[PDB]
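Just the one chain here, the form deposited in one PDB entry, laid out as structure tokens.
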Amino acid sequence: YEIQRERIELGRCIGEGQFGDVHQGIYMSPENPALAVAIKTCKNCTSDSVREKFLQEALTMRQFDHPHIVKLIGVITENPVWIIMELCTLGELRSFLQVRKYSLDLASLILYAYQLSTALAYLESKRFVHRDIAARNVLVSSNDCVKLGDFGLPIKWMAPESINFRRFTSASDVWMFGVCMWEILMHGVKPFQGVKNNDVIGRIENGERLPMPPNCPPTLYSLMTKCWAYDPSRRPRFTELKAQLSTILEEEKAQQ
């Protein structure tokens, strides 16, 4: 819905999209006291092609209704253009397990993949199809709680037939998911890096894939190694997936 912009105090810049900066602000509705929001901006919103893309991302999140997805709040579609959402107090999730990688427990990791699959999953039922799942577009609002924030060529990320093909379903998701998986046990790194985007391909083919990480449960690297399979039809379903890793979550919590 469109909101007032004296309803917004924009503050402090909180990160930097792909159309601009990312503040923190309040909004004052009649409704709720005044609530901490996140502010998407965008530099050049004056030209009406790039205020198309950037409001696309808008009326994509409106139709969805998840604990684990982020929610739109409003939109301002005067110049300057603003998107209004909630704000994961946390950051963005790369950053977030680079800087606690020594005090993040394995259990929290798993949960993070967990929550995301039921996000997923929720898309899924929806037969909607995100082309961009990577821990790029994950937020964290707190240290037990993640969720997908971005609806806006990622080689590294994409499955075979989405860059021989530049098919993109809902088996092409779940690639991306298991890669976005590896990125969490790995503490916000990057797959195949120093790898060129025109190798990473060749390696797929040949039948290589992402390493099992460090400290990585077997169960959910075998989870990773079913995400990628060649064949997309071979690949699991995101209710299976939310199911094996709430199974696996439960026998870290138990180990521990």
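Rigid core (definition): largest C-alpha set, two forms, superposition within 1.5 Å. Positions refer to the first chain, counted from 1. First, how it differs from the form deposited in another entry.
With the core held fixed by superposition, the comparison between the two forms singles out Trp82 as the only member of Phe96, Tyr112, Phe177, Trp82 whose CA moves by at least 2 angstroms. With the core held fixed, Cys13 shows a CA shift of 2 Å or greater between the two forms. Comparing the forms between the two forms on their rigid core, the Cα displacement of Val50 reaches 2 Å or more. A displacement of 2 angstroms or greater separates the C-alpha positions of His23 between the two forms, with the rigid core held in common.
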Given for the second form:
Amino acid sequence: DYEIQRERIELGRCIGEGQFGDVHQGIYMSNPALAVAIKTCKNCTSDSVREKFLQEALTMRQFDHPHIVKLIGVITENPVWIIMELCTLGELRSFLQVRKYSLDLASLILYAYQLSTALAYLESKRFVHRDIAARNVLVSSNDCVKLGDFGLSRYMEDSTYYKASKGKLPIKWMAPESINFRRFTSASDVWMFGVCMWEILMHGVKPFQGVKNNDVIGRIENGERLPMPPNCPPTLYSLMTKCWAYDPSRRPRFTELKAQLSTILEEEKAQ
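With the form deposited in one PDB entry in hand, show me what the form deposited in another entry looks like.
Since only the chain itself is given, any partners or molecules it might have are not part of what comes next.
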């Protein structure tokens, strides 16, 4: 059981918003002052909303990986809260932007490698993430990145259903079979990981800048692909282009991606 008493939580400032409501930072008095992320649920007095929200905690509870945010616990009494591990250094895109001159290439490859370990782990549990993008990656330390909460990562996908959402469908990250037929598989996750690796090597710059979402599929179906980032090792760019094979059966699996990223990281650290 992972039920937590509310008195042990000090609710701090709002750090973002999810589909169910504001996400706050806070402190969990367990150590007596652990930093946490707290998902809140504005419509949780409705049984169906409460079930959908608590299912997001059940989803995270099944995973245990060094590069995925951990579920700390739940408060099932109103207001219903989900307590997650806080990654103290924040969002990966902002972190890479601040260090666009500071961070070394070996650190960028390390983050792609750590993410491939988390994704090989999800693949081993037959879990399809659906939104592998730098926006859904957090920074725990200078040498550690983690995939953020999975419910919160579906914010862009879910934006089509929420009139007040600031989000937009993540077309620029999606595999063609996902855009065309709404098929989400372990192979479509590999395509998205390729785009995520491109974002990291680009220091948090978004893919297809200036291109309208509606114009993405036509470019991809005409054979267009994201260019090699400046300073990206050619072996790493060849890996990204394999992730973007139009035929999903031609894309590598995460076991091979992790092994190849480990070799690329070793070769970079050696020079």
